[PDB]
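Chain by chain, the residues:
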Amino acid sequence: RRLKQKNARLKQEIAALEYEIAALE
Amino acid sequence: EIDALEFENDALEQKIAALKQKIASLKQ
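As given, the protein sequences belong to chains B and A, one line each in that order.
Each residue of the first sequence is one higher than the one before, starting from 3 at the first, in PDB author numbering.
Each residue of the second sequence is one higher than the one before, starting from 1 at the first, in PDB author numbering.
Just chain B, same shape as in the assembly:
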């Protein structure tokens, strides 16, 4: 389903960004 796929990818993107934030600090 469109919305479940976009949900899973929004989560993966937030994960990548919190990873970089932690690397940057």
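The reader is advised that the hints may include incorrect statements.
Said to hold, decoys possible - Below, a list of computed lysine-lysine pairs in the DSSO-like style, where the Cα atoms sit at most 30 Å apart: (1) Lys15(A) to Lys6(B); (2) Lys8(B) to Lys27(A); (3) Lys20(A) to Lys8(B); (4) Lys13(B) to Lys15(A).
To be clear, the hints were calculated from the coordinates, so they are not data collected in a lab.
Based on the hints, put chain A in the right spot on chain B.
For chain A alone, coordinates are given in the frame of chain B:
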């Protein structure tokens, strides 16, 4: 019905924009 995942997806996008901004800031 606006689905419960549209709610959750729209909150997740907000969160994304806010993390990008924080990363923009840490680099400055």
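- Going back to the hint list, which numbers does this structure go against? Result: no hint breaks.
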